[PDB]
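Just the one chain here, the form deposited in one PDB entry, laid out as structure tokens.
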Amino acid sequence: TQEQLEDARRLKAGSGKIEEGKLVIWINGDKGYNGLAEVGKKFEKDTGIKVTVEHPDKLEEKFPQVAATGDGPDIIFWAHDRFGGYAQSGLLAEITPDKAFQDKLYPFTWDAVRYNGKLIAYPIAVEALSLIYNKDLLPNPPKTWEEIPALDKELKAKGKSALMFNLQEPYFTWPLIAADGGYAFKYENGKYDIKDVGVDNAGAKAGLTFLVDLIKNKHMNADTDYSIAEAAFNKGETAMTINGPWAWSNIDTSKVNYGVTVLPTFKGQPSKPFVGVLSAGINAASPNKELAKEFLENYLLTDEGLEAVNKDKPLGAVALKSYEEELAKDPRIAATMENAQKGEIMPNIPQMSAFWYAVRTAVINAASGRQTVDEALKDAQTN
């Protein structure tokens, strides 16, 4: 091995290398990490406790690797779906808010961070993809996926395109795949059936086939990723994109007169985005669990704390009732919640990591022509 060898060092160098008396926080690079750092500076100014916010690449993969050895950040930020796996591996602490604090957040946000009956993270905000469109190029967005080919033909004649979004992450293609019947794991009798995966059915096939056909007919490019799509939309080159609340800040900066709205239907069915709750978990190896709790409950999850993050990159519909009442006025938030209602909240089971990896490969291989749609989804279904 070169993992059982550090089983020997971790005791000799006993025990744990997370620095006591400060907080290290990891959050994804597309989120308001500068705004979160402002909340951390307020904490430091009040309490003397230094807070360092980091946004490493692939943190959702690095965290279980480093936390398994007792290293990593004190606090990890990510959508709730990854947290059941972390908790199953013993990497997350059970969190302990009194009832007065729990009443400050929406009951459904607490449910996303409950694993085997216990709370394993603090919920921050509800994320759902919406259709984002350029009102100057497209005063009225398409109601259906099916009319997008004809729209692209029209826009292509003008050196524009209809739609670009990140084809590299299955998160972004899922709303179309799920629209006519795709699902991850079938939930029944109080639990997810890990042997009942729904990525190989007729509905999932129809959705992915529609996407592949878009690419075959030159209405999309298989290599489009997050940065390519964001640049194209914000430069005014494409009429539509698909993204979450965090993206609105850069569009504000851009020249673009944009709207946020319901995703198009497919075969008459609503697109069904998987809904994420951005959540903050506490590293089980952290010597700073009480510090982490004080920071999360009394500094971040306040009107002032969430505002600071939100002003950097919008959080979506926040879990904190008092602040959401102010944000609910925003039509972009209304659209987010409309898409969220039509979708469904992600599972947090340990199998989600394998699921996302399977679907990622399936979409990329089908989109690039390395596999047929049937072949790709059959593979993703198995196991």
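Positions refer to the first chain, counted from 1. First, how it differs from the form deposited in another entry.
- Rigid-part rearrangement between these two forms places its hinge, out of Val126, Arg82, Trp26, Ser161, at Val126.
- Rigid-body rotation of the smaller part against the larger part between these two forms amounts to 36 degrees, from C-alpha fits.
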Given for the second form:
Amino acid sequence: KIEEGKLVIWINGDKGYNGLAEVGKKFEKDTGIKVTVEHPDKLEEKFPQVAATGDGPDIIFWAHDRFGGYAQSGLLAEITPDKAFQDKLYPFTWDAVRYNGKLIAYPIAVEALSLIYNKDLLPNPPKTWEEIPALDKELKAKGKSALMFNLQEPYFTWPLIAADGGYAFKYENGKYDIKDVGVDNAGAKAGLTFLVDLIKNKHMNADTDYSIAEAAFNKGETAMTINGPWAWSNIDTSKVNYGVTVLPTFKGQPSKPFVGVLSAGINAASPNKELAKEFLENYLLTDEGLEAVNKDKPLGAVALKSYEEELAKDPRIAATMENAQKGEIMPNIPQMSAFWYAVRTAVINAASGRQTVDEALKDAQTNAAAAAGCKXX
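Take the protein just shown as the form deposited in one PDB entry and give its structure as the form deposited in another entry.
Nothing else is written out below except the one chain.
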């Protein structure tokens, strides 16, 4: 069902697909092979439906974590970059595209939360979480707060919770131990305790969500927020003089945001695996290839060293990459659903007092590990 002698590519419509099409035109001028870039709605939930029947695109772009599922279903071609090519990309990005020890996609770009701060309120942002309470009191004396960020989703709160030793699933040798959940260890308790104290002591409000925080920061009401590169254009619009920097440390250790790696996977059913490898390796994953996509819609930090070094002259991108390198690649396993569910509940419950930190994390641990312990139905 997949046409031989051409490349069909699916990529999210919020990406620089026109720039990607430009890379395709360059490919076609060189080889006479036509490259079609499409951006189907919910493409990542369509792919596993159609690919299962031997149809779909030759190449699919999505966040790496979805690829675990595809690989489990045998929907992705194993890729074969040599060592010289692999050395062109940051090692940790390769970690994001491994399933059962196999490389199943090419890393393209990297996203992670950073500390975003108001340069006018705060020219010298805190290096530590611990100094934020003192800073809050000082700022609030003039009716500004130190920090507002989304507290409703583990994605945003996990970096602090994980800093001193929390983790979702233990990463071992390009594999995850789904029975090793790090939700209720002393590291997570410390982090969550500090977070809950911030809320209990009114340094932060338990109700703060994504929109509230974004609004407050972009209006100059709070000196700091925690968000990703997807938020920058909204701040550009606000005219706030903002900086983007490394997340504060906690107990001397980096905050550990989850890292999302935009990745390009090859349809197992494709008759054009060689064409796709050539396109991805020698056309897209070059300075010129990524720049063409980046110009259409900024990629953020990229997996390709040579081009990241150029983009990193923008300190916001340098900060994204730094936070990413200090962060936790998002596990690409289906058991993550039980982690999110359980932790989301645990943080809500603990910040609202409905449970102690110890009890919330214990239950979360039990629930996350239990739902990870089995599969089927």
